[PDB]
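One-letter residues, chain by chain:
Protein chains: 4
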Amino acid sequence: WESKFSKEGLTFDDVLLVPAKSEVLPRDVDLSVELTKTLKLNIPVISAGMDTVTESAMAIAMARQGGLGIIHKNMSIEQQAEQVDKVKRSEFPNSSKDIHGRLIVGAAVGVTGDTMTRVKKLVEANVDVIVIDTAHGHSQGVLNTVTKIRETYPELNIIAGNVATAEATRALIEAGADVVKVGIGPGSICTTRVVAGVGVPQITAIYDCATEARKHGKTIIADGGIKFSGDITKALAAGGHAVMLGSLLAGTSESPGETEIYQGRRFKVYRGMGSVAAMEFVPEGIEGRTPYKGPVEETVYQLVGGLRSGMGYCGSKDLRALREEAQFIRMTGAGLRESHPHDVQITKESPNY
Amino acid sequence: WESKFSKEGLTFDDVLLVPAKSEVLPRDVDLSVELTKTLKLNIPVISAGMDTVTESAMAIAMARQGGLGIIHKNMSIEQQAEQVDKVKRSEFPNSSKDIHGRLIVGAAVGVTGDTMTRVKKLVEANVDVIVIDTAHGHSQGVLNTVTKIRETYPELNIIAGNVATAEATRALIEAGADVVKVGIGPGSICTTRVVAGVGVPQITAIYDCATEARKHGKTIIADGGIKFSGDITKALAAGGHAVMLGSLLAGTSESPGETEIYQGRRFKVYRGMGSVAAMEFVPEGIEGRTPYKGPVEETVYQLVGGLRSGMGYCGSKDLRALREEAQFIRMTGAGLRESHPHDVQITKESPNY
Amino acid sequence: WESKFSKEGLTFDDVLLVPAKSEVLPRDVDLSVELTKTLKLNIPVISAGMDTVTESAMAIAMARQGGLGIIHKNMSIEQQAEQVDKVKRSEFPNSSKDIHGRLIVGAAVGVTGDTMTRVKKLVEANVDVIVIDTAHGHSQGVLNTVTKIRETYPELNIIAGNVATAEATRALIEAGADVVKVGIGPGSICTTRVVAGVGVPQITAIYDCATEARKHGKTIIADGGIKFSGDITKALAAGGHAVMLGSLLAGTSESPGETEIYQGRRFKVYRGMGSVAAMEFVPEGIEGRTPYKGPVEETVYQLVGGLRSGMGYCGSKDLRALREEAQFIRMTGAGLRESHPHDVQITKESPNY
Amino acid sequence: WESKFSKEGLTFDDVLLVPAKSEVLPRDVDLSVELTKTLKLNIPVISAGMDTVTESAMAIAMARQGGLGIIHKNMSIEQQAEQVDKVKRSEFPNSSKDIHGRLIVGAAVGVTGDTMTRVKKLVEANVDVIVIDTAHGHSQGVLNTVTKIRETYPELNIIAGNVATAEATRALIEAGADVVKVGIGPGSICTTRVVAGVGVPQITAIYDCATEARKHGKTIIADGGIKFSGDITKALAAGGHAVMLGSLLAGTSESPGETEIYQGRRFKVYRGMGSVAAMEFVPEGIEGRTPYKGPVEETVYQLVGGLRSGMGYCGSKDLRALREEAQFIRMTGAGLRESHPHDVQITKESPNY
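Protein chains in written order, with the working numbering: chain A, -3 to 349; chain B, -3 to 349; chain C, -3 to 349; chain D, -3 to 349.
Derived by calculation from the structure, the hints in this document are not laboratory data. Hints may be right or wrong, so weigh each one.
Note: identical chains are not told apart, hence a pair may lie in one copy or across any two.
Once the Cα atoms are required to be at most 20 Å apart in a straight line, the calculated PhoX-like pairs of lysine-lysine come out as [unchecked claim]:
#1 17 / 144
#2 93 / 36
#3 3 / 17
#4 84 / 36
For reference, chain A alone in the conformation it holds in the complex:
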């Protein structure tokens, strides 16, 4: 009862990274990360397991750039296994590949009667990682599913989430998860925080969960709330090993969403998997759209470029240095307004702003 209000949470717009001594240019920093010893990325960027972000074209484009795509689960078992199989069979100097030289891929599952059959067919399609993808990962049903998957497939890479506390992170890892996916409500189209009243500001969520994961030698995926390339530097410096992106990739050519025309501008639909449209209720997502942006490679190049620039300012030669050594400073809303362009009429913006 007395402790009810002591905790304080920060998100991306509350903080800046403090520059430090640099000896490594942005172009020479190392962006590789091992989520597990058999799940290695050359850039710390994952496309979300959402029906408006990732099917095989997005998963192929992401692995060719050294990242990872998660095939969404809003499709039949047989359809999802075929999508994984198309990525595995695809035929890019930064490409992330398995021991057989095939592009890496992941696939989402839920906690339903079907889960173990879905996992079996995805493993037979040589998926590199399963994502146990739920609204509330800190739940007995989720812990039971992690355990049953880990028992059936002792070497299978498992990402489980979503969570936002040290205690939940601990519980998923004790059940057998390799990677904990962090974020409760920060998503661009998510309304969890408003309709349920629940969540943790994302920089605090990442930091608290990464602090726990490090005790177990496991890794974090920072899922949600990222709006700019600098938010990637921030998410990783807070402890994340890799980021997961939805809205920043939903407008790209390889995303599966419907196109919409409005005021002569092309958009693609972007919607929550908690929206009335995706689950088909008391919804925890809404439906929106984001401008058409062209090939995902051009968006990734700008996002990775901002990350490399941030690492050069922090003097981080690699992502371990960024996670372990980078320092934040807290800012007010006046700090935030100074950090964006201000007091000038803007005519032309940039790919990255």
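Given the coordinates of chain A, assemble chains B, C and D onto it according to the supplied hints.
Using the frame of chain A, we list chains B, C and D on its own:
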């Protein structure tokens, strides 16, 4: 003189609930609450004693859903007794009923020369609870009226308010109140905070008053400031036993307000009982309108659904667990902006957002 | 060097007054205040010494209501003496009058070669109080003028300002001031804070200066930043004995400003005495207008009504109880947004909001 | 890992300067500053080394007013040497001049293969100061260039930057810099903070770097984020010896930018040297424009006037008193809203607001 500035107050938008381990699904949590041992709700939701929110149709619809309606006092004694009598005589598996199987109902009274005659006629109409409904419950006139009612009717359920401090809560309970109604200025159409300069941010008000009420074994109604279903989770986790709603129910079919057409959209009027229109001055309310929303059952279903979702995230199997165990985290305005949808063009919203 | 950033300042919108036990109704509270033993108000409200707020009509209307008008100094010595003489000769149960039954009045002077001649003619016109009215009261020139006036006129009431610190308050009182006028930059049309970079948030300014003034048995006028009736409750609870108003009275019939028509609405001009227009530079005011509001009595009645309501909520039977006993609570921007009307379409406002 | 979030940063809009006892009128304060013993300004204002702010006309106008212009480096070595030579040969009672009675001037260089040849030609053109002008001054490449310049030219004035920490300030001074230029991301058209995630709110940056520079007997230039004359008082009171301005001077006659017409108003272009347009990428600037403002002397006169007014309020007889003695108070967003004009319709603004 020195203590003048130390206290700090929080409201709904300052805080989020921290998720915890869940073993009970949203659909299986228990939403029942005893405001007194003879005043039991199956959902913790009360319609306000306002002439734009509650007469008998609203009171009937609320009790059929397991909640409670307070008949407003802007009508004759004989009119208010007839309204109570229509609810009692009304003829819904979650319905909240008295020992004779009749829907529960409440009725508001003020502190005037008439009060004891109004109370007598409402008791003869078998009202389940009286609400002593005043702007400043921490006043000698209010304490004297609580005492005279409690002396005349030793078993009558009494709600008294409004207050926002432990000391006021203590005083109303010492006079004989069963339930303390909390809120000074958070109402959608209230201007108390601006025209008088007075109030307490509502989450702090609820917490401080619930901390005192628990010492006396009494209950709190969180009255005002609720805009979304998640604010209900927050109000109850702060210590409230039940919420009281005005603006969220004023647009519903069963509300008594006038309809208004504007830009081809139907609204209903919503006004303070401190507005120049309702009292008929130096007013402490203004007049407004809110969109027509259809049957109150559909609004209650979405509000209760968000509460159940929040309880599943908090791992609360019932409202006692939510009040006693749920933890908050404080957020900045940047936290709040992350918690709402952001950085996407919204086309379609949801019943609950 | 190390102390440069420790101090924190609050203004009106940072705080609310905490309700307390009331035994005295708003209508029965006492609003009288002695600024000095020979300068007594029946309501704690002073019209500003500005060429868009106070000449004799405003000074007469204010004293008839129990307040005070300060005749501005943007006119000849002989003109200002005649204005004082018209108020003194004017011929209202709350009227504030001198020992000869004549309405009280004040008049502004600056620190120039002319000051002592201006003061002589105002005293010969039986002015009740001189206001030494400067941008920076904590200046050697101002202290020398206070001393020369106090030496020449041992019984003359002297208001001196403006200041915002305990040290400045101490210095003006040591020179011979009876009343210290507090406010550096909070004025509606003031730009001191932006063009000079200087100021103190007004609730902190009032509190710090009142804390010092009490040590000397002297009084404070809270000058500037008041937008609503509740800000008057706040200013006095922070330590002010009386408030000084500019923009809230500039639209009233008795103000001297020019009228302007815009979008079929009548306005009156309101401008700083630090604006290029009033001084005739590097200006510290701009020029604006405020809607025509009718007779000053109707505005004062609403402002005083909000003050009385706040005092009833605080349980303050008189202004000494409000200054000495009332407690504040700090709120965020979310607190402020809850305190105003919110989440309803407003059709009709009130005289006081 | 544990220290990641403790630091807090402030910028201009977070703070106000506390008025103090004044004996020196604004018109009589001393505005001179020695950046080095051979680099003396009569006003503490420097025009930025940007291709939309400073070539020879701006450098001449700034030195005639007692300030300094930095010739930008987006031009050939031979072009930049000619610009310096035009200022040196130019033929104003506050003019800042070298020992030979010639207007002072500076010139920017980068860290490239060409740098030492550029510096040689600028020194042969009798430049008064070199600015080693980089995005991240806390970098080995920058430290090596400072050392090579200082070794080749033992008496040459060197400004080096940009930085935002004590450690970076220390490193540049140990390499041989005389003056450290402070600012990482506060620029009107800068996007460093958003695309890289990095920076320090500018008042904190100035204070931390000035605290270190004082230990070495060196000076700070506060570069970026200044929007109003009062922000100059603030920057210098935080520890800066002089300010550097870009957007506030880009609209003036002497700036080199292109003119643009929009809605019958004349503008000049203002763009980052990190924008795609200026470097010719992953850009850290965007492109904008600012209204045409007339001769730079009229803008400087208003900026210097606001500084003098702030110094009179602080009781600072000279800039050393302002840097060493002036105190700040922290304000909320409500403080900031009170500090600007508010609650009045503005018709006419002022040159300085």
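Now for the hints, and whether the structure bears them out:
For the identical chains of this complex, residue 17 and residue 144 are inter-copy neighbours only, at 19 Å across copies versus 48 Å inside a copy, given an alpha-carbon limit of 20 Å. Within a single copy, residue 93 and residue 36 get their C-alpha atoms as close as 8 Å, which meets the 20 Å cut-off; across copies the closest is 62 Å, which misses it. With identical chains, the CA atoms of residue 3 and residue 17 are at most 20 Å apart between copies only, with a shortest distance of 18 Å across copies and 33 Å within one. When the C-alpha separation of residue 84 and residue 36 is checked against a cutoff of 20 Å, the pair qualifies only within one copy, where the shortest distance is 15 Å, while the shortest distance between copies is 60 Å.
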